[PDB]
Each structure stands twice: as C-alpha cells, then as structure tokens.
Amino acid sequence: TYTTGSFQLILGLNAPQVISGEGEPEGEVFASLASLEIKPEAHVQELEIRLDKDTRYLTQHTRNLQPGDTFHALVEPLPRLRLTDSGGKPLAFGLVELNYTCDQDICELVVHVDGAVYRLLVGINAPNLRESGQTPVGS
Amino acid sequence: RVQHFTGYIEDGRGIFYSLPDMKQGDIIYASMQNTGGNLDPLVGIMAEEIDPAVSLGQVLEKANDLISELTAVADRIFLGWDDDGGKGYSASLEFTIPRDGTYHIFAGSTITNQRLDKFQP
Ligand SMILES: [Ca+2]
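So the sequence lines, in the order shown, correspond to chains B and C.
For reference, each letter of the first sequence is one residue, going 162 to 238, 244 to 261, 269 to 288, 298 to 321 in PDB author numbering.
For reference, each letter of the second sequence is one residue, going 37 to 99, 104 to 161 in PDB author numbering.
Source of the hints: derived by calculation from the structure; they are not laboratory data.
Some clues are possibly wrong.
[Said to hold, decoys possible] Calculated pairs, SDA-like style, for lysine to any residue (alpha carbon to alpha carbon, straight line, at most 25 Å):
1. C/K158 - C/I81
2. B/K255 - C/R49
3. C/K98 - C/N74
4. C/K158 - B/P201
[As the list claims (entries may be wrong)] Estimated spans, in silico, between C-beta atoms of each pair:
5. C/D115 - B/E237: 29 to 37 Å
6. C/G128 - B/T164: 52 to 60 Å
7. C/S54 - B/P186: 25 to 33 Å
8. C/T71 - B/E187: 35 to 43 Å
9. B/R246 - C/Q60: 42 to 50 Å
10. C/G128 - B/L261: 26 to 34 Å
11. C/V38 - B/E183: 32 to 40 Å
12. B/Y218 - C/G73: 23 to 31 Å
13. B/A195 - C/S67: 35 to 43 Å
14. B/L311 - C/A112: 22 to 30 Å
15. C/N74 - B/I180: 47 to 55 Å
16. B/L174 - C/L156: 29 to 37 Å
17. B/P177 - C/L156: 51 to 59 Å
The C-beta atom is built at its ideal place from N, Cα and C for all residues, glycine as well.
Whole structure, please, built from the sequences with the hints as guidance.
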C-alpha cells in the first residue's frame, strides 16, 4: 500500500553536510515550489439540507485553508447565509452567494445557514460554482 | 522611545491616551495583547478626541452585515486602525504623523462573534 503523513525536506547545493540530515539554512535560495506556477486544484462538494420546525439553524465546519486560497458558497432552494471562523468572528455575508479569501497562516471556517429543503454548493479554489459541469471533484 | 501601559476594559468602554505635540515625519507604533479574559483588542488613532461609543453602537444595532459595516464606520472615525494584525487577535499599527500637532490613541474592544451554535455579535 501507499503511506500518508507529514514530512520535512532539506535540499542542498554543493553542501556535503546535508546528507547528515542536520544542514541549517544558509546562502541564497535556489529552488521553489512548482505548483505555484499554475492554477490550484479545485474541490467542489454539494449537500442537500432541510430546516425542520425545531432545527431552523445549521452549521458546518470546513477543512483548513492555506494562505492565498479562496472560498465560494451558494444556496438554491430564501434563508440567510454567513461565514465565520471557529471562534465565530464574522468574515463574510451572503448577497444567495458568498466569497472570501484567506489571509492568515491557517484559517478554519464555519458556514452558517439559518431560516423546507435547500441545496448547498461549496467549493475551494473554484470560482465556477455557478456552472460547475463536472461531478463533485477533489476531497 | 518605548512606553508600557496596562488597563481593563468593561463592556466595550475604551480608554483614551494623549500624545502631546508630535512632529511631522514621526512614525507611531502600537501593539495590544490580551492578558486575561475574552478581550479582543482594537486600536485607533485620531486628532480630536470624541467618544466612539455612539457611532459603534449603531453597528451592533444593525444585527456583509458585520465586517463591511465595521470597516466603513472605522474608516470614518479613525485616521488609522488595526484589528488582528498581530499574533492571534492582537492588533499592531504603524502610522506616519501627517502634520504637526497632537493626537489621541484609542484602545478598546471590537465587535466579534464567539459561538458556533448561533450568531450573536
Ligand atoms: Ca481584533
């Protein structure tokens, strides 16, 4: 099978002490992330939600977002929609559609939908949620 | 030139600090950190001392219903401000002194939500 986890990578150029695994950063950089040269991979997910008489408020938690990422959400059956962080400090409000961009090193987001059955569509790095086309992709 | 201050905030009642006779070309720096409780720091700088309570209260009364309204009101009340520029929810501010004169520094609490079951600023 394959394996999963986090890793630390040390690269050196004409620095024979790197193979010992203890090389401290020095000099001027020479390599960079390759993925930054192109567009990021989008993730799209769709959910059907229902607001019963006693369950008019619903919340969902998102995975972590890296800096520079973007978040999009829309709802089509109108209830109110808003976005807050894990503490709860508001970040964006629905106009229903919503948009946000990540500034902090790690962003943890919570989607609020409050008011019947509605369709909720959500995406990361996917501004094309209006006309996705593809079946839900990514994680 | 560095100075320290300590205080207490109760139910969004801020504290004013006076900066007598600054000179044009000076650079002001500010940083505010939480040392107890659930305080969320906010810092702003202005020339004429006016209590922001009356203006900020209308933002709570209108409960981008929060962030845009707070930004629009702050950009009117203060010449410069910062909410979360530091480590965590702490604020940090750099402000170049426009002209010659005196100014005021305002320290207090921002409007935030701290719940996941319901929204209540
Ligand atoms: Ca803050």
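We went through each hint and held it up to the structure:
no. : hint                        : in the structure
1   : C/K158 - C/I81              : violated, 33 Å
2   : B/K255 - C/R49              : holds, 20 Å
3   : C/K98 - C/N74               : holds, 23 Å
4   : C/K158 - B/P201             : violated, 33 Å
5   : C/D115 - B/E237: 29 to 37 Å : holds, 34 Å
6   : C/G128 - B/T164: 52 to 60 Å : violated, 34 Å
7   : C/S54 - B/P186: 25 to 33 Å  : violated, 45 Å
8   : C/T71 - B/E187: 35 to 43 Å  : holds, 38 Å
9   : B/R246 - C/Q60: 42 to 50 Å  : holds, 48 Å
10  : C/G128 - B/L261: 26 to 34 Å : holds, 29 Å
11  : C/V38 - B/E183: 32 to 40 Å  : holds, 38 Å
12  : B/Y218 - C/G73: 23 to 31 Å  : holds, 27 Å
13  : B/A195 - C/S67: 35 to 43 Å  : holds, 38 Å
14  : B/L311 - C/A112: 22 to 30 Å : holds, 28 Å
15  : C/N74 - B/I180: 47 to 55 Å  : holds, 50 Å
16  : B/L174 - C/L156: 29 to 37 Å : violated, 48 Å
17  : B/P177 - C/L156: 51 to 59 Å : holds, 53 Å
Checked against the numbered hints above, the structure violates hints 1, 4, 6, 7 and 16; every other hint is satisfied.
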